[PDB]
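Novice: Residue-level listing of the chains:
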Amino acid sequence: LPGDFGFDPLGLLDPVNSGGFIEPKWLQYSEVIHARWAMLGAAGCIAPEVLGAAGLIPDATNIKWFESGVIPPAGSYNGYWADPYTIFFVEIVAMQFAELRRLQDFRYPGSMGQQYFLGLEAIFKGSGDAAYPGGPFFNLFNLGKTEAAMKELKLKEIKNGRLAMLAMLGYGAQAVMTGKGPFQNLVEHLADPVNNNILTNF
Amino acid sequence: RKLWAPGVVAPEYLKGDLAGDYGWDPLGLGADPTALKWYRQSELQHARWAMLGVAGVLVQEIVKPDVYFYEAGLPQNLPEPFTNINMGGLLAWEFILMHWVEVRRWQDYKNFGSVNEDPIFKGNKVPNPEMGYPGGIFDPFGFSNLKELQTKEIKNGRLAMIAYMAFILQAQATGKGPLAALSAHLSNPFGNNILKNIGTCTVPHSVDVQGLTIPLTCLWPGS
Amino acid sequence: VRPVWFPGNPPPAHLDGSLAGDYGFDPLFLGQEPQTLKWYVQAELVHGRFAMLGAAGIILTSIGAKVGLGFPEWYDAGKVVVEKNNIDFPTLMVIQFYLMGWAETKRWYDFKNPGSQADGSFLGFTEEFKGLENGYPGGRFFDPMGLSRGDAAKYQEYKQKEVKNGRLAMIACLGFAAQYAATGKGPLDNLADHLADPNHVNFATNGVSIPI
Amino acid sequence: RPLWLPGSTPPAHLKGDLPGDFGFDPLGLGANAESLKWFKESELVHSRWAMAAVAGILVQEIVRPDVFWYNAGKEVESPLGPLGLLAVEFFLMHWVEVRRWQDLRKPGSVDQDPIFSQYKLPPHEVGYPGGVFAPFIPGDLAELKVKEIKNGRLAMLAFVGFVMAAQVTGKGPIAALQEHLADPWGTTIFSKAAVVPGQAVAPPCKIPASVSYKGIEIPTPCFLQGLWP
Numbered sequence: 061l062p063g064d065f066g067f068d069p070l071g072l073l074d075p076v077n078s079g080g081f082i083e084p085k086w087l088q089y090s091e092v093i094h095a096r097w098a099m100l101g102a103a104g105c106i107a108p109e110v111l112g113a114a115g116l117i118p119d120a121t122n123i124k125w126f127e128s129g130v131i132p133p134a135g136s137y138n139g140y141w142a143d144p145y146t147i148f149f150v151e152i153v154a155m156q157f158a159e160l161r162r163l164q165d166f167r168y169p170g171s172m173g174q175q176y177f178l179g180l181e182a183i184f185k186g187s188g189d190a191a192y193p194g195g196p197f198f199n200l201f202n203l204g205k206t207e208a209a210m211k212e213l214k215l216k217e218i219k220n221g222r223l224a225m226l227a228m229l230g231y232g233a234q235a236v237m238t239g240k241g242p243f244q245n246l247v248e249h250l251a252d253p254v255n256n257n258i259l260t261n262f
Numbered sequence: 032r033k034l035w036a037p038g039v040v041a042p043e044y045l046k047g048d049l050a051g052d053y054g055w056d057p058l059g060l061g062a063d064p065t066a067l068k069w070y071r072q073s074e075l076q077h078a079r080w081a082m083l084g085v086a087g088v089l090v091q092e093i094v095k096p097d098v099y100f101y102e103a104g105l106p107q108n109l110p111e112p113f114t115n116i117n118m119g120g121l122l123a124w125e126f127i128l129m130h131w132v133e134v135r136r137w138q139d140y141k142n143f144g145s146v147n148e149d150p151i152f153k154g155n156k157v158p159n160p161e162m163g164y165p166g167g168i169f170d171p172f173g174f175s178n179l180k181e182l183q184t185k186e187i188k189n190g191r192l193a194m195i196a197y198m199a200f201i202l203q204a205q206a207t208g209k210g211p212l213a214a215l216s217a218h219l220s221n222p223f224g225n226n227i228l229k230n231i232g233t234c235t236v237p238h239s240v241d242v243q244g245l246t247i248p249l250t251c252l253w254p255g256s
Numbered sequence: 029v030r031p032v033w034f035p036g037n038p039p040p041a042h043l044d045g046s047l048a049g050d051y052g053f054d055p056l057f058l059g060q061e062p063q064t065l066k067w068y069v070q071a072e073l074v075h076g077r078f079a080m081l082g083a084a085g086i087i088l089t090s091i092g093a094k095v096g097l098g099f100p101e102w103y104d105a106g107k108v109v110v111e112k113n114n115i116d117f118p119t120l121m122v123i124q125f126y127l128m129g130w131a132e133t134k135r136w137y138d139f140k141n142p143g144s145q146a147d148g149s150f151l152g153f154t155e156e157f158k159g160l161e162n163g164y165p166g167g168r169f170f171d172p173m174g175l176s177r178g179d180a181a182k183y184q185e186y187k188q189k190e191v192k193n194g195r196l197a198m199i200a201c202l203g204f205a206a207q208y209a210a211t212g213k214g215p216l217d218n219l220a221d222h223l224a225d226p227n228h229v230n231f232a233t234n235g236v237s238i239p240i
Numbered sequence: 029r030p031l032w033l034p035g036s037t038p039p040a041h042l043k044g045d046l047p048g049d050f051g052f053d054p055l056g057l058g059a060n061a062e063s064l065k066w067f068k069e070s071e072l073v074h075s076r077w078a079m080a081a082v083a084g085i086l087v088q089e090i091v092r093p094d095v096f097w098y099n100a101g102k103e104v105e106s107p108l109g110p111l112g113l114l115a116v117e118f119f120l121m122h123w124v125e126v127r128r129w130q131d132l133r134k135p136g137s138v139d140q141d142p143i144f145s146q147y148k149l150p151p152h153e154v155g156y157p158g159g160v161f162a163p164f165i166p167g168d169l170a171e172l173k174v175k176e177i178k179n180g181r182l183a184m185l186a187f188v189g190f191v192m193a194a195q196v197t198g199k200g201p202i203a204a205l206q207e208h209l210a211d212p213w214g215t216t217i218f219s220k221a222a223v224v225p226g227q228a229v230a231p232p233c234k235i236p237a238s239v240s241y242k243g244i245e246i247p248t249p250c251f252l253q254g255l256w257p
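Heads up: the sequence lines are chains 3, 5, 7 and 6, in that order.
Following PDB author numbering, the numbering of the first sequence begins with 61 at its first residue and continues without gaps.
Read left to right, the second sequence gives residues 32 to 175, 178 to 256 (PDB author numbering).
Following PDB author numbering, the numbering of the third sequence begins with 29 at its first residue and continues without gaps.
Following PDB author numbering, the numbering of the fourth sequence begins with 29 at its first residue and continues without gaps.
Next up, chain 3 with everything else stripped away, as it sits in the complex:
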């Protein structure tokens, strides 16, 4: 509902004769998930570049983002207090827990604050709506004071999230084509609006 413009030229939100994964509930759920991700990912992909450009951090860090280890062929970094795989493992287990229990919520609503979980159930009761359980943690501050403001905030969230998806794709395409850093491309196109461009990058 939030952030619609009547724009669905392909027209998939059609709620009739639906099923499987193609169902507006799950679809917009995936949209908001992607929005939040892309926001985080853009913030991350940028941060260390400018952070070392200002020189506030030791030049040991601030390598370009695609070299931190995710693709060793793209260059690896070392100094992490443990091995990439040894970290990857605990990453597996933590994300397994979080994602699985969120999914159990969405599939059997409200049914994920019942099994004894160290008292960590009252918060997982949340709303009856995925992507918006709220509750004491997931809405830490009682935000949405005026419900008008609440819809306003949902709108702003979807706006920024779509912007973030676009920006992440931008980072990908620039870093593959020009091979430099994102802030690098920025500094360049600043230096030459004309002579620092994909036209120049041809």
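Quick caveat, the hints were computed from the structure, so don't treat them as lab data.
Where a beta carbon is used, it is the ideal one built from N, C-alpha and C, also for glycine.
None of the hints are false.
Calculated cross-link-like contacts (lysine-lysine; reagent style DSS-like; alpha-carbon spacing at most 27 Å):
id, chain 1, residue 1, chain 2, residue 2
1, 6, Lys178, 5, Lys153
2, 5, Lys46, 5, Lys141
3, 5, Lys153, 6, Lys175
4, 5, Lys46, 5, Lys188
5, 7, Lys189, 5, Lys141
6, 7, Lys94, 6, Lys234
7, 6, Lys199, 6, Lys220
Calculated Cβ distances over 12 Å to all of chain 7 for the following chain 6 residues:
id, residue
8, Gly35
9, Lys68
10, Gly112
11, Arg133
12, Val154
Non-contacting residues of chain 6 with respect to chain 7, defined by C-beta distances greater than 10 Å in every case (computed):
id, residue
13, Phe50
14, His122
15, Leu132
16, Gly136
17, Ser137
18, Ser145
19, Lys148
20, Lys178
21, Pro212
Knowing the structure of chain 3, use the given hints to seat chains 5, 7 and 6 on it.
Specialist: What follows is chains 5, 7 and 6 alone, placed relative to chain 3:
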């Protein structure tokens, strides 16, 4: 009676009854009652402990401005009269006494006010009003108002907890003492700051005690 | 309401809660039929007990090994002792098979006919060779301490803790197996090494567990 | 009523009829009645055994020192044959024990002197023969049973302590105590050994190894030397 934020609700059980109730439990732990009581008890424990610990660290670093308390655990850094004692005997005495007194207060928790009498000098018995308040002989001046008293207590106690943890982290990172670090920030506030000092910590990496080397630690991979 | 191994999903039909450790875990429906289910109950019990044995034996021998007491490592103790003494593989194997066959076929025909074993067809005995439950033959001998005949609640709790520790022991014995077959080493030794450096002494560096 | 843990609650079958009881069965062993009788009987037997043994070891070390009580087995010499000693012991004690067992299984069934029919023990409970066995009693059976069980359990503790102290020091307990007094701090197992993730230390056993009597050459292993710290 305020809450912890302008424009927030307090959950129901955080009503304004336990001293220092700012109605704050974003992780929803004050749900079951027995758990809540146990946690309040442990809160009193930690508060009074950290108060003691800051008091110690500070007084010692002041009176003897040479200790580097972080090392005060030096089997060798021990005052003259008892300076190189057998850790065996020391730990023996200490562990025994603490096991006893701790089990006593644990029994208290199990059944409130059931061990008030002195099990030997039964003509001695302590009046305990509430869970975790021995009182009586545990309060010689007996000044117990009492409400704002307990509030003051928990307030300054949480202050002490956070302050002690901060002291310890300052030690780990800069290897200096609290007064030393403050005097250094005096020398230059721009200098002598965690921005400069961060990314490395001053661990001696598992020093060797009389018997063996106890594995030591840093709180994060700074090194 | 019982803690379901998969928090959120309801238990299947046959999985009810009457038995010990009924966390609702049979995603393959292997226990729909009650015959087969009682059967696999007895199987799980005997296996858990064997695993508890094996873990205890291995761990004690391994401690005796690390300490300077000449005790060999488990995967060799057999050959080393049989060559040490004047033992014969055939005679040992055959006596073992004799005695185990006897006791085990007696348990078998008990499961078949639930009562015909304390029928005095033995030497003179009865009230001990008669079962109490499916795989719970507590009489004066199999429960000589006599806890099965007191405080049924405590007894239920004991069944629970028994099956819990049995599952744990099964998993741990398989642990030992993989530990050794991978590190070509002693289990307790691998333990000491991972203690020495968990960050680097682990399967992530064992270069076999993760084949990369 | 006293309880081993003041402020707690006793179990169900544990009531307070038996002498020297303090509601101590945190594992509810005393569920069944016949088992309970058996266990009380065995406790009494062990208690009296340990009392006799600890008193004997003490007075023996006092009067004839430099003869290791743990070593009287080998160090003993007797003109009588060891085979003879073991045979007479086995026989006569087999008799007394089987008589007491016949009593327990069939109570009050053998309380007559089967030769001197004139002589006959009066009926009584189990573990309490009395009669000629109790010909001299200052005070009350009530307190006396209590003192009996108390001293018996204490003697069990004392005996096992002697065993461990001899396995760790090989000394007479009296001299070991002199040692502990001489050094308050060092004469402690804490001062003697410890365990930490870094490493483990255990003090060395004092009994050497297999000792050779007349050809037998008894193998003498330590009691689970492996886990001593």
